[PDB]
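Listed next as structure tokens is one chain, alone, in the form deposited in one PDB entry.
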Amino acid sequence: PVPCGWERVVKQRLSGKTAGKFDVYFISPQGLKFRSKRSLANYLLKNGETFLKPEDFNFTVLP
């Protein structure tokens, strides 16, 4: 599927020599756009890790 919080966009070319071809790109949770597997792989090298802390979870109900 699509990794959590990420978005996948699919498009099809409609004119010119490349009509009918498809373009795919991804949007990260922070809104960074990747048009290629190469630029995304490069980004993932150092940025693919995600961490969690207790403070990220709310166990309380307000008034």
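Residue numbers count along the first chain shown, from 1. The term rigid core refers to the most C-alpha atoms you can superpose between the two forms while keeping them within 1.5 Å. Residues that one form lacks are left out of the comparison. Compared with the form deposited in another entry:
Once both forms are fitted on their rigid core, the CA atom of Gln12 lies less than 2 Å apart between these two forms. Relative to the superposed core, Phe51 shifts its CA atom by 2 Å or more between these two forms. In sequence order, 14-16, 46-61 are the runs of at least 3 residues present in both forms whose Cα atoms shift by 2 Å or more between these two forms once the core is superposed.
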The other form holds:
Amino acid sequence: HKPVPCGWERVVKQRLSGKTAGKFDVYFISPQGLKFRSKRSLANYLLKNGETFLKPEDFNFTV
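Hand over the structure of the form deposited in another entry; the form deposited in one PDB entry is what we had up.
All you get below is the one chain by itself.
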């Protein structure tokens, strides 16, 4: 059970078409509206920016 960082938005989406219909994908939206499809891309974002407070583990990409 894991809370979502202030200003951020967590989106649970379901795939509609393709061989992968029904599959789920989680992604996050920053307070600035940048969208992250993975914990790695988000983590790289935290590094580029020198975020000290937020940790990659604060973001829950599982459903």
